[PDB]
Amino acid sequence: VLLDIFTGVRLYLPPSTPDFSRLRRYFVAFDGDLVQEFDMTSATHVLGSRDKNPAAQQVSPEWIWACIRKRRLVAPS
């Protein structure tokens, strides 16, 4: 089955992010939505940057894996 970990999360994942392919795969596989650059306004979380979308919650690749290990959302890191 496919775990529901990132339910409700609309993440902007920059294509230049290290290990981008595997990050998208697992994030999406586990109920996350990605947001296209032109739709940045709808993002709930943003990865890799802090000033691209100030309103969104900033996260790092480490946060994606941390969520997966706990099988739930954890504190933004």
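Numbering follows the first chain given and starts at 1. So that the term is clear: the rigid core is the largest set of C-alpha atoms that superpose within 1.5 Å between two forms. Compared with the form deposited in another entry:
- With a cut-off of 2 Å and the rigid core superposed, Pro54 has a Cα displacement that reaches or exceeds the cut-off between these two forms.
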Second form
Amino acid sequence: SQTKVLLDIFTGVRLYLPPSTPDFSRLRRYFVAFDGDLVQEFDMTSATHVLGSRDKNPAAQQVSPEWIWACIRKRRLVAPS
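Structure of the form deposited in another entry, given the form deposited in one PDB entry:
Left out here are the partners and the other molecules; the chain alone remains.
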């Protein structure tokens, strides 16, 4: 009687995930699972969110791996951190 449907938490969140990110594999897995849009390096200027510096994409919202997990815990987007 458990759900067979993944929640859509990160719908519309376009994020480049640097391979150097600690815990990259699990972050990628969970972000994709919950409807996040991973962009490749060549497309990082189209991201809406960034890990680390905003210098290459000033309009992007700065977030962190900790934010990704927090959103997953809450089952929705939380205020960026």
